[PDB]
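Colleague: Below are the chains, spelled out letter by letter.
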Amino acid sequence: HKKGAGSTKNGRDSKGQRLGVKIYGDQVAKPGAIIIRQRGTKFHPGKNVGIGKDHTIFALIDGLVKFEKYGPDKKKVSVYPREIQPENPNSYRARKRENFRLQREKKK
Amino acid sequence: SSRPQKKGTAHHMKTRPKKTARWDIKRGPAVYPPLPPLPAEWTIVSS
Amino acid sequence: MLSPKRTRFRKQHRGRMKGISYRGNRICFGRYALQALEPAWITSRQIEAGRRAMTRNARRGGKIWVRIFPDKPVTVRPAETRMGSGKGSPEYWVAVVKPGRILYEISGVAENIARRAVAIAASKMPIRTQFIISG
RNA sequence: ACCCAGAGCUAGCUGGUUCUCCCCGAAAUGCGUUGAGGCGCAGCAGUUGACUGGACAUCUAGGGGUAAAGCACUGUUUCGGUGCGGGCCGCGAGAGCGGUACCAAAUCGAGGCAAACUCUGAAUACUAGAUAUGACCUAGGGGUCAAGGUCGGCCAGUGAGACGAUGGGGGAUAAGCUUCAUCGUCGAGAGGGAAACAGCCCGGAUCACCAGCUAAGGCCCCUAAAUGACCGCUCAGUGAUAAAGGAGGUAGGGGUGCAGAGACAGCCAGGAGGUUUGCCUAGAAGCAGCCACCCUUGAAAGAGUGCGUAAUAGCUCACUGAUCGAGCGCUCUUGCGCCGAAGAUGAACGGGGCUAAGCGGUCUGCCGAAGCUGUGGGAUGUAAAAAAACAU
RNA sequence: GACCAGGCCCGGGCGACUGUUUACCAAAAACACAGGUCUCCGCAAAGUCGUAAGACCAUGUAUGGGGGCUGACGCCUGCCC
RNA sequence: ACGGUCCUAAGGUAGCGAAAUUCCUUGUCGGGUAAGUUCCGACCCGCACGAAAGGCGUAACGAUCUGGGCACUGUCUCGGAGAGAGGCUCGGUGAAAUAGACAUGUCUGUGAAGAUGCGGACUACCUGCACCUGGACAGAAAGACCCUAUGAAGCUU
RNA sequence: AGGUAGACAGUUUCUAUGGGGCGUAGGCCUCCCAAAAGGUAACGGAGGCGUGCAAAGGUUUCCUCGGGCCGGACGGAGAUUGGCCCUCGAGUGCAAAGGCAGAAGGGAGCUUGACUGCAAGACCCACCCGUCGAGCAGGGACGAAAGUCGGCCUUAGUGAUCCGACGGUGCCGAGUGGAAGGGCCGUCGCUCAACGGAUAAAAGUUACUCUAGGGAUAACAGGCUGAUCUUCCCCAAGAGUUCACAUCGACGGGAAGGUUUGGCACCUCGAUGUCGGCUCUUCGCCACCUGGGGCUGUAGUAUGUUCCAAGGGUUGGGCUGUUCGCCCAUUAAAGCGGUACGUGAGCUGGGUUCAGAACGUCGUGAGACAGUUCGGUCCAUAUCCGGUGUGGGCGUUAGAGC
RNA sequence: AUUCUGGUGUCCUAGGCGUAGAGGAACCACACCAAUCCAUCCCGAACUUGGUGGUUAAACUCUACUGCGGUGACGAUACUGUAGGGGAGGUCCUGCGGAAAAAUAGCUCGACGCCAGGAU
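Going down the list, the protein sequences come from chains X, 8 and O. Residue numbers for the first sequence follow the authors' numbering, beginning at 59 and rising by one. Residue numbers for the second sequence follow the authors' numbering, beginning at 48 and rising by one. Residue numbers for the third sequence follow the authors' numbering, beginning at 1 and rising by one.
Careful: at least some of the hints might be erroneous.
What the hints assert, rightly or not - Reference excerpt, derived from the structure (chain X facing chain O, CB under 10 Å, subset only):
{"no.": "1", "residue": "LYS61"}
{"no.": "2", "residue": "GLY62"}
{"no.": "3", "residue": "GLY64"}
{"no.": "4", "residue": "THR66"}
Unchecked claim - Pair by pair, the computed Cβ-Cβ distance ranges are:
{"no.": "5", "chain 1": "X", "residue 1": "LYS100", "chain 2": "O", "residue 2": "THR7", "range": "23 to 33 Å"}
{"no.": "6", "chain 1": "8", "residue 1": "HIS58", "chain 2": "X", "residue 2": "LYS73", "range": "38 to 48 Å"}
{"no.": "7", "chain 1": "X", "residue 1": "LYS166", "chain 2": "8", "residue 2": "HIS58", "range": "58 to 68 Å"}
{"no.": "8", "chain 1": "O", "residue 1": "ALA79", "chain 2": "8", "residue 2": "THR56", "range": "48 to 58 Å"}
{"no.": "9", "chain 1": "8", "residue 1": "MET60", "chain 2": "X", "residue 2": "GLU145", "range": "48 to 58 Å"}
{"no.": "10", "chain 1": "O", "residue 1": "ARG23", "chain 2": "X", "residue 2": "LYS154", "range": "56 to 66 Å"}
{"no.": "11", "chain 1": "8", "residue 1": "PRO64", "chain 2": "X", "residue 2": "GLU145", "range": "52 to 62 Å"}
Don't read these hints as lab results, they were simulated from the structure. Every residue gets a Cβ at the ideal spot worked out from N, C-alpha and C, and that includes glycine.
Please build the complete structure, drawing on both the sequences and the hints.
Modeller: What follows is the structure in structure tokens.
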């Protein structure tokens, strides 16, 4: 009734190395910000963009990230600064942060 | 046999009382005409 | 015993049997066919035993075809043994059949006899099958 | 050995740790550990400073390879057609070769499968940016409140989790089994429904009222409320408890075969000569197994669906006349029932009991919680103090 | 004639035998035993106990003294350094 | 019995052998009994006897183990009767372990999965004394098994 | 001063674990599980690493592989040489995944950036650690130049701290000058592999044992589960002279039961006594006999099969601790189960869990072995419920005896 | 301002092949020779140098067809966010919201920018 249990020859792994897209498409970046840790060139380097020893793709300039279409079934990544970025005190966020600030000041 | 049976909260899952009949699920409270305005309760005028 | 020939990997998962079988609905060879309704894990012993019993009632002529081939393995662990300590060896191979799938096809006998035959072949199997004529 | 002393030895171990009210309120996870029932740091509490704006809601943009689907790749696979190459036999026995009851590469056509396959590719989720004024005052002014994070100081517990839903793994797609992922409840949560019943359903207990409305669930009596209504269904005590299979039980629907030039079921009728038929000559003779599955005589008959024989003989059923005189025969589909259904102190739907007081569908009343409403009282916080609210 | 006062036989295992032993669960097949063998020791002996002095051995000296194993008696006791 | 070949320091001689050794196993054969998993003798497939941790025999001896017979009987078939010492009743003296509180039924259901206490039924005047032990997971000893503690202590190389 | 006795002493002798032990594993990299961000467990499924290269690096220029088909000496399915056709299925030092076209793949020329001084900024996270890096400074490489180079197509090839060691260096140097000794920069010394490393240095046994704890954790019992067991049923190939269905029923399918052997670890470790026997029960039916039936391949007798039925009954011995089993003599028959494998505050103690002793075996040894043998202390005055008996009170409506 | 040929991109298979035709006035390519510059792991095949006497055949450029290749709906269906329900048999059903892949209709034989040179 009490038979022996056979050992395995498995049970080894490496904890997920945390690759993938760090800075997404149409998003803020920096000079030096790592955009993608990819194991090979899944995405390819575009304009304004360095490519490192590990095929790590990082931005050289400010601006928003762009994942372009390369030609025959591949992907690029370029970075573009943005011209004018308007802010209106009309809006809800602007209204509410000024309301909050004014409450803070009013209390103390 | 090989029909494992319902026990613990698994009994309570199965045999809970529940309506599950479209007409009985609707219904809700009964509607009425609200009411004309009523007077105070205990007006004073004294001492 | 319709066993697969040297597959990729030894042991594999159970998954489950959601959905209706869409593809193996059509009939190719036969004019009459046995079709499944409930999903099950059909061993090769059940297939072979259905095929034999269906063949026995062909008699004078008319050809029979099988349209389900097991592929998936199943392991029972070493009998009377505690939990854990790896998987077991695969005992037998099974066909994952879903609802509305062809199991056996047959052509070239009188509709009298085919229907009689598939009753036996239904009786050998673990599921509520049904008879279907189309081709 | 005992006695005294070091000595209140140490004990990550067990037990125990005493008055009251108010405010907030966890965790049972990750990481490391001579560590696994301990400890450290993170995560999640309290408290007190600093920095700002989010939160919930809707709408865009991003990269995904999962469910799905597919066979172009990687494997796997069945059948057919083309068929290199292989199996076996035949020759004037060392040059030479031809047959071939035959297994079959590779492509083509049809047809499947795949956690570790993808020419494809959802929903959610994740990241980012956008837009919207939550409750109380005469479309704003000025008001009152509630409403989320980041950083840091001081100072905790936790680090045994459990069940349920889903996605999976292990197991025997056994376990009130085990292990992860996302969420609910318990844990730390009273009350009502579930007979009793942590974990299911409803709902979050500041306190008082011999007021009211309702949620979940119910309205024959035990025991609050309809022995309410109208239309269907069951005949089983089903209504409490399980399958393969069995079936002129009963009710409805559609489709399908004949039928007062008369069907169906009963009822005396007919149901033939070569057929000892060729066949392995022991016999298969309408009926072991073979094929052929004749055509005549005809109101009709198959060289035969079954019984009966060593084989014949013989008995039927197919069909057709005749008697007879009105709706009947064979499938499909459901709805609700029956059998299948057998255990050990004694009945077990909660009990009585019920032909509805059960099931299905619809319509309206009512009951029903510590939920909400009303009427009063307390304490917090919004500042400091009182009144005044708003929230708690 | 009361009290008092052997039951006997046949076959096997283990140990020869009387003996000793777990006070308060074990009395035996366990220990001891006569007998056997090996090895040490020449006397200021080996051995033992002591820091030492010295004590036992022994007021004995190889037919004696210490230690290992076996266990009357009979027949035996092989191969391997 | 007879040979071939490998390894090893060497491959068990005499004797004994299913035994205080024997797993398979109640080995098989014969004896003993109406019937014998124990017993006696033989076989040898000695899992894993063996020559001074001696081998094999042996008259005697044993509160030794283990089989069989005769005699004997309440050991038993299968109980029965009687005598004492208690038990029982009366008077005198007078403990104990135990004890959350106890107004302390049966059935089935429920629940930390085995209920006098929770649900439904059933049964049941209140209270002594004699007898009986099924339950109170009855009492007794912070399990002596099992595992844990970077516990303790003996003993070994 | 060197050797040399567990004779004697102090210690050490890991953790995980679907109870422990026996095994297996312990660090790092790739894939899956993983649920289309990342992350993610199991004694889940699959493999690798503990390097290699002076060029397989750097740069400058040049090249397009692999597999088939057809022709061609030896030469064939395949070496070399030409043409054709899909074109990236090849290769990429080494496992996998992601990548790589005139390429990151293959060849050649020249060389050493496999360099010093750094570094805005991000990723990854408990900490320790790890990773990418625009650009500047110097001094070079290669090219005509623009430019590219601080190792490798990328992800494994690795260990902290203390300490010591070698090369560099007025930085200190205990009165002051030196020196001894430190510091500073560059570097070397771990299968510290139990790989976040307790020490420079450590194994066993206890049935002679003890303490602190645990139902967080096994053995007995219950519970869940029902794989195995027990009992039924569907199918029907076939056996039965003929005929599946008198009697059996292959290949297969579906159930119940909770008596076996398991799985789980939910109550109980501040104790619920483990087998068998005696005594005394009771209950279930899946019926051994006794009552009453259908079918029979039922002439009768005697059966076989199966339906109803659980009222009653279901011997005495030999052997074994045994339940079980075999055998002798019987008999209407010698049923099978539940009740903590009924019943130890009712009994027994033969078996099994203490200390002694022995045999075989394993162990260098102490000791060990569901291997064997002989010997080995079984408590209790009944509070309550419950039972068998038997009184007393009261009740029963005025009180009594029959 | 428009259209060609030669160079450069955006845009990458609605843009690629096949089939059929057409272009040498220019531009572009094939044929002549090679002391030398320079070269062949051999060879002026290629690189390079010097010349021109042929040609639109190959390539390249341009116009057509859908034969392939490619792209590809609507509708449904699978699947799934969320709120419920049925089954003990292991999955199914409903409301509310999102919505494939495949298949087919059909769509495609490029578009568009700048510069150099030629022509109207």
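Colleague: All the hints need checking, so say for each whether the structure fits it.
Modeller: Outcome of the hint check:
1. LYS61: 5 Å, holds
2. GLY62: At 8 Å from the nearest chain O Cβ, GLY62 (chain X) passes the 10 Å test, so the hint holds.
3. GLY64: 6 Å, holds
4. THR66: 4 Å, holds
5. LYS100 (chain X) to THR7 (chain O): 23 to 33 Å: Holds, since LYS100 (chain X) and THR7 (chain O) (Cβ atoms, about 31 Å apart) stay within the stated range.
6. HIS58 (chain 8) to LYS73 (chain X): 38 to 48 Å: 43 Å, holds
7. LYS166 (chain X) to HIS58 (chain 8): 58 to 68 Å: Given range 58 to 68 Å: holds, Cβ gap about 60 Å.
8. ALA79 (chain O) to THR56 (chain 8): 48 to 58 Å: 33 Å, violated
9. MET60 (chain 8) to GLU145 (chain X): 48 to 58 Å: Since the Cβ atoms of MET60 (chain 8) and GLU145 (chain X) sit about 55 Å apart, the hinted range of 48 to 58 Å holds.
10. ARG23 (chain O) to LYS154 (chain X): 56 to 66 Å: Holds - the Cβ-Cβ distance for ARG23 (chain O) and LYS154 (chain X), about 57 Å, lies within 56 to 66 Å.
11. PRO64 (chain 8) to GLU145 (chain X): 52 to 62 Å: 59 Å, holds
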